[PDB]
Amino acid sequence: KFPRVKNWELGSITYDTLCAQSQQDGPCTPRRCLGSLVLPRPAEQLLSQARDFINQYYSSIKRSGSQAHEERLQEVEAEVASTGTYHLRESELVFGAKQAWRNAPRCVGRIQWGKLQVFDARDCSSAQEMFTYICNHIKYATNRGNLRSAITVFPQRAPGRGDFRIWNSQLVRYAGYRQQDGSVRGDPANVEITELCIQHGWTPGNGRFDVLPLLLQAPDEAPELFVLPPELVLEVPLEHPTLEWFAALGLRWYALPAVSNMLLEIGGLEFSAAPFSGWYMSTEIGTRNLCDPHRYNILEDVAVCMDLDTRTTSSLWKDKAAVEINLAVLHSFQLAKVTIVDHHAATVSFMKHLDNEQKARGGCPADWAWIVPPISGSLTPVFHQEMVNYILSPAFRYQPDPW
Amino acid sequence: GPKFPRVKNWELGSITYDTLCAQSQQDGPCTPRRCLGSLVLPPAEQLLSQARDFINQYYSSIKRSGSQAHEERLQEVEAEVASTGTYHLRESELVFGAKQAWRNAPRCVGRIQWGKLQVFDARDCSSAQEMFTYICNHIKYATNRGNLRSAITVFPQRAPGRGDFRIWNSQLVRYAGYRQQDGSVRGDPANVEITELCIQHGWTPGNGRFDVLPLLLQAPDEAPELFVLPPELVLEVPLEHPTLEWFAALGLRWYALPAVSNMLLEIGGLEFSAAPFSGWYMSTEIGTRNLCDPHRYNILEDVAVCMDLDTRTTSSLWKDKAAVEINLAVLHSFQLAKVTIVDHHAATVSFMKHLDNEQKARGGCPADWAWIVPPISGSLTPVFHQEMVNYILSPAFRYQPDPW
Ligand code: HEM
Ligand code: HEM
Ligand SMILES: Nc1ccc2ccc(CNCCCc3cccnc3)cc2n1
Ligand SMILES: Nc1ccc2ccc(CNCCCc3cccnc3)cc2n1
Ligand SMILES: C[C@H](O)[C@H](O)[C@H]1CNc2nc(N)[nH]c(=O)c2N1
Ligand SMILES: C[C@H](O)[C@H](O)[C@H]1CNc2nc(N)[nH]c(=O)c2N1
Ligand SMILES: [Zn+2]
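Taken in order, these protein sequences are the chains called B and A.
Residues 69 to 109, 121 to 482 in the deposited numbering are what the first sequence lists, from first letter to last.
Residues 67 to 108, 121 to 482 in the deposited numbering are what the second sequence lists, from first letter to last.
No incorrect hints appear here.
Only pairs whose alpha carbons sit at most 20 Å apart, straight line, appear in this in silico SDA-like list of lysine to any residue:
#1 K399(B) with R367(A)
#2 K69(B) with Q92(A)
#3 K74(A) with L107(B)
Stretch by stretch, here's where chain B covers chain A in the computed footprint (C-beta under 8 Å, at least three residues):
#4 70-76
#5 85-98
From the structure, some residues in chain B lie toward chain A, with a derived Cβ separation under 8 Å:
#6 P98
#7 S104
#8 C370
#9 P372
#10 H373
#11 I454
#12 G456
#13 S457
#14 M466
Quick caveat, the hints were computed from the structure, so don't treat them as lab data.
Positions of the beta carbon are idealized from the N, C-alpha and C atoms, including for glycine.
Make a model of the complete structure from these sequences and hints.
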């Protein structure tokens, strides 16, 4: 019934009762746990999801049962009955975006969940208008390096009509150019999107950090290509605090992590284009983006620069190089005065989050495998904390690639 | 396509399906509504079906499934359970079961070695004194002057209306944990209760950080008896660092042999409450968990201060730097001492090979991602990028309540 949740560093026990509010199935069954899989394998449906969200919204503003509540419930009921769908008021939408972030089991930055700038872009009719919105989002969120969490929401999906979509997975992404000799110049995670941009008329560069154009799509139209003004895109050159040779590597990363391919679901309504951004945790760049074998894969180069023994795993050359790389990222962002958080500070704030949420809602959906950082796992408090995972709505979801 | 879990590796792009999970007979803690995969500890009718299942497994592994000897063994087990309420395994059945339990263990990253396990039959054991003799033999054989060899020793099974054989200690080798007057702990905080239990049973305690605990051994329906291990039997490795010359002066050490002793070995519904087993260490167990956990030796700050690191701020990555060097010291010293050890890279690489062997051999491999991924350098090792399916196969090692 209710999960017993234990922290093994401190011996404390909580009991998750929030999970009882879950209405969507995850991938596990009693026969087998599939919690490490990255991706998932009528009018009353909409109406119940809508009622529940409205009920959540009016509860949040401490006005459940009131005249405005009862009335809003009928507007919704009448609109669905007549049209098969309905629309959110902006304030509701602001509440919904905030709750979807709050409910995101894989996010370690949820201490911040109540501080989210919400742009209503539901009055958008063309890819061109999507671009103006995206450009303003970037300017707002970047804020000269004093980063601010933000989401822009484009029109919801509608029965028998194509979706608004941003084709890129993030608003800022480095091109990955496939060389005929097997290798890849740039970011190999972005080969396919780079090729789509080229096919749709983009003239390609040939560096390792070429900022890609955005491919934007309004419903049932071919996507259009837009180059971001280079001044909107704040980047941080990487240097190391004591290893002067490091800056010679020419490494750099962009300040703004702005994710553009997820679908935002609120009250049964689906927003297929709703880019959001906050700020980086240093390991995203330092460990995953730069050291993952299927990414920039710079572990060996840095190791040689440090003059370690590559011939054997037991010299822990990989661990040593990785730590300096992460250190280069933290030092550099702090130097360039751009918001960033290290994995220790982040995980410590997440524990406080678990505690606030335990008192606020009786629990907190969390995916242990995603919350635990990719280096120095057990050196962080979250490693030793048991977590319960489940789907609450509003929620961010994955969705198929539009091509 | 197929109606079995699809399993992806995100580094390589490769896909497999787990058909093996279809053989699973026991429910884990998850449901469609919530995943509980990160929690550490979540009648003759019943017996016979488990026994029938294991016998089928056994004859399958020797390629005699459906044969005359298969059906006779089944009938023999049905009859034995019919007259005594339990039954007994043949020696080769015990050997197969023990190995299958290790093979089936989802949290073990060392399973590439599973077919190479020396099985010591000790189902003839009738006293605590004899358990000790058995245990000492195990330690000597397994330690092998540093060229470690996997082994398990199996004492008699749970009997209806009879007390269990139990080893009270969680390992055969454990450092004492002395609760101090000032509230703190000397030695290993993990071992406070077993330490106090030993003293309550007449052990005279030391006062070191690294006092080897006596064994508390229990034959059926008798009070546990106390046995001190002769020190030459317990191989230890003093820790030093290959370049940081001061590390040796910390006086840190660890023992060679990880020999877990509080787990229950289940085979065909039979329960072996006392069946200590041992392999060799992955270096992160000592370097990261035992030495760096807040609630264990907690030496991160000491080492960092010695390395002259800025421990006032998280962003200096002083915890990460110190952790690495500690782990490096564990590896270096074990190698120098010529004691078997595997680093977290070599271990995880070998586990990927195991997943590929078991894909071909059994159509999958139950695996607990949170335990398979090492506690430092996670995404630096290949298993991080590998999806895994977790489920309970039998024969199995299970946790069991503490005897007191
Ligand atoms: C403000 C500081 C933030 C920090 C430090 C942070 C940190 C992180 C990290 C490290 C991850 C793991 C991502 C990965 O490994 O690819 C993540 C995931 C995620 N974040 Fe946050 N995040 C922040 C803001 C936000 C905001 C503003 C939103 C939405 C409004 C959000 C929603 C999500 C979601 C839905 C995931 C799961 C992504 C997926 O499953 O692919 N986060 N976050
Ligand atoms: C041969 C070298 C071996 C290595 C390197 C190895 C490695 C490991 C590691 C690192 C763990 C994680 C334990 C923890 O973090 O507390 C583990 C767990 C485990 N191992 Fe292995 N292991 C080996 C041999 C064995 C053997 C011989 C057996 C039994 C016959 C075995 C059965 C288990 C079981 C049941 C677990 C899960 C323990 C638990 O859940 O508490 N292992 N192994
Ligand atoms: N700092 C932040 C904040 C929020 C983030 C949200 C998402 C992401 C990246 N999402 C995971 C991408 C991996 C993937 C690949 C294929 C299919 N699904 C997911 C980073 C964030 N960083
Ligand atoms: N190298 C090896 C080989 C086999 C091992 C088997 C078990 C263990 C430790 N088991 C986990 C103990 C921690 C714990 C505490 C409380 C409740 N559950 C588990 C190590 C092995 N190492
Ligand atoms: C297979 C495994 O679930 C997958 O590689 C996950 C593990 N944990 C992760 N955690 C984070 N933060 N990001 C990731 O991409 C992943 N990948
Ligand atoms: C809460 C969490 O499950 C717990 O800290 C686990 C995580 N993974 C682990 N992995 C291993 N190998 N050993 C452990 O003790 C643990 N502890
Ligand atoms: Zn699960």
